[PDB]
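Novice: Letter by letter, the chains look like this.
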Amino acid sequence: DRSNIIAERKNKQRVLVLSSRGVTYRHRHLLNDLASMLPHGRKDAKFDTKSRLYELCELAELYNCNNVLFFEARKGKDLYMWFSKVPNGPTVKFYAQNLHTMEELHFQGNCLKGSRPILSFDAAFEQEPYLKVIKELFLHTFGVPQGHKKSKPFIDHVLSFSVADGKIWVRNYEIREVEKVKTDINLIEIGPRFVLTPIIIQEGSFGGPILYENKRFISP
Amino acid sequence: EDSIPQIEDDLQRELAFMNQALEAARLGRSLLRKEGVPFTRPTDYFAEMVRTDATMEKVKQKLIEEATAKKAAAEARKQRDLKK
Amino acid sequence: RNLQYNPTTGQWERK
Amino acid sequence: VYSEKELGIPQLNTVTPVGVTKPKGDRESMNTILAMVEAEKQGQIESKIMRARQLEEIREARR
Amino acid sequence: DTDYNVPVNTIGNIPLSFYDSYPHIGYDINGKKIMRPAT
Amino acid sequence: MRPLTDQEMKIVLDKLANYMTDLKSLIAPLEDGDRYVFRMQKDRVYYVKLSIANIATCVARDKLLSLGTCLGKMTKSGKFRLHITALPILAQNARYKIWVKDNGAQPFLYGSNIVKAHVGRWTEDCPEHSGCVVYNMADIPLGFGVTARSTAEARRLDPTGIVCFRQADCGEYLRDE
RNA sequence: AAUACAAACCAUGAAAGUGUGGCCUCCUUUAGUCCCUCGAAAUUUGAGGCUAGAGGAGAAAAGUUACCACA
RNA sequence: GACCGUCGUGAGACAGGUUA
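Residue numbers (the authors' numbering), protein chains in the order written: chain CA, 22 to 203, 227 to 264; chain CU, 227 to 310; chain Cx, 123 to 137; chain CX, 63 to 87, 97 to 134; chain CC, 162 to 200; chain CG, 1 to 177.
These are computed hints drawn from the structure, not numbers from a lab. Every residue gets a Cβ at the ideal spot worked out from N, C-alpha and C, and that includes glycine. Certain hints may be false.
[Unchecked claim] Away from chain CA, derived, C-beta distances all over 10 Å, residues of chain CX:
#1 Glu66
#2 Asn75
#3 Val80
#4 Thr83
#5 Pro85
#6 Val108
#7 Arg122
#8 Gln125
[Said to hold, decoys possible] Partner residues are not named here, just some residues of chain CA that face chain Cx (Cβ under 10 Å, in silico):
#9 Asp143
#10 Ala144
#11 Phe146
#12 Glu147
#13 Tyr151
#14 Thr241
Using the sequences and the hints given, assemble the complete structure.
Specialist: Next up, the structure:
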């Protein structure tokens, strides 16, 4: 046994977070904030944009990771997300904006790194299928397997994914206990704030035939 | 989306996402005890935070500065209440 | 009551 | 330097959690005891012998 | 890999100045306290 | 029911031997073999014989109040106290004895300190902060205390000065009635 | 605000009209079974048992005081 | 009179205190 899962049925998941060659400190801090939360992931930096998309696959095969979260930077100003099942599974592309990182002293919330989250989804993540595919991809990227030996055990935070206009808004809150008056959970927000606008669904790993197209996207 | 009237209402938009993670947290807590795991961190688990400790030190200093400004301004009120 | 919540479908269903 | 208890500042979820508790944490016997405690009283007499010599400091005052 | 022999103490890179008074150091994945192997 | 522990008997014998000279004589194997074994109850110590302890260890702790004769009690900080209950033990084998007159014993029994006009005669080689036992002209044990100064400094000071500091007297007997 | 009542509304029926939203909640302090046991008492009580109104990490030291001294 | 003190804390004392 090599997958370090102590559970009745092992959820073998790994992610590989990556960066482009021109990200900003705001996009760099979202690597550090997301990877700190994400206990079964490896950090890597500065993928060559002159390479091809499917060289992100054997990069992840080199590190035994079935998920990849790529931060691609264009113009030195714009963050673009990529969630993908590495061998042959589907992928996604987002435009990320309205960034607010953990280093900014205005959130007043904190939690253990590596602790297991609760995934707080939205109602439209169930009824409409283009939200459903990214739902399973979000759930796998933040999978945090059961018997993972790098995970701290007590649960104190919940990740909230909600769609408002056409865009998904992420939220992170800390579970805190205040006793009821003759204990209820009060949420204090911890970490990353970003707004996630879908762009495409591709049926391949990083190419493959196009499945969803967001025909309302105003590019920067 | 039905909870949010206007997307520029920062107070209501924050409350809507907070309310969404509210019933997720209470429902998850109920199901987690029914199966049964250690859910709440005890007083003795000195475990490593997702944030740097010094970051909490400067955010504790900022909460000092905001709250001490409010009460010192109230002392300025009482001085000028004597003035009138 | 004969109603519980399904986490994976987000609905209410009977026992 | 104005006190925290009246200050409207909530607790912070640092590495120390919310609410931290302090840790829980014979014939010859008589013989050694007497010897040791009398030896202390004998030391008092020696400091008092320097006070019997401090009457020369009171004599120096008069002189 | 860097994460091959992952320790069971379920602790961070926190200084060992903590966990010097309580009899247990860290916990485990289930949540059982880990009492020090040598005293 | 428990005996004196290691540190607790150490501080007890520290404060006792500050006022005692022969601790061997107080606790020794007697003719019958019975020994004056120490005893404590409700953070209050006692001085009993062993055969007294056997006929008292048969009792539940909460029902027992006192045992033999009392020596003192312990505070929350852990320091030892010696009371006027320990005076017949204290005056039996006293190291330093100070005798006060009848017109000076009356303020001593009221609660006032010892003045140079109060004392009739004196012991010798008394240090500044050594303990002592206070008697009258008729060798009646009145109390105990720590002197303010040595013997030679008492000769050369004003007669209105405080000589020996009053700690306990028979007012505790009058208080408890 | 709850609750009572009235009206409106709603369900069914072609109409006639009908129709609706239960019953409960180890010791310490107190009363009874004067029931059973042990006693006393020239015939009545005492103490237990039983019943039912309510409370509740451990030897390292803690909690609290219109209290004392000191800062 | 009101403080810096030194010597003891179960209570206290001072030819020690900035001038002649």
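Novice: Determine for every hint whether it applies to the structure shown.
Specialist: Verification of the supplied hints:
1. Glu66: holds, 16 Å
2. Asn75: violated, 4 Å
3. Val80: violated, 7 Å
4. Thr83: holds, 16 Å
5. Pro85: Nearest chain CA Cβ is 20 Å from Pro85/CX, so the label holds.
6. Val108: holds, 54 Å
7. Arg122: holds, 64 Å
8. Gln125: The claim holds: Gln125/CX sits with its nearest Cβ about 66 Å from chain CA, beyond 10 Å.
9. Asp143: The hint holds - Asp143/CA has a Cβ within 10 Å of chain Cx, the shortest such distance being about 9 Å.
10. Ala144: Given a least distance of 6 Å, the restraint on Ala144/CA holds.
11. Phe146: Since chain Cx brings a Cβ to about 8 Å from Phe146/CA, closer than 10 Å, the hint holds.
12. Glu147: holds, 5 Å
13. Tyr151: violated, 17 Å
14. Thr241: Not OK, violated: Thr241/CA not within 10 Å of chain Cx, min 23 Å.
The structure shown violates the earlier hints numbered 2, 3, 13 and 14.
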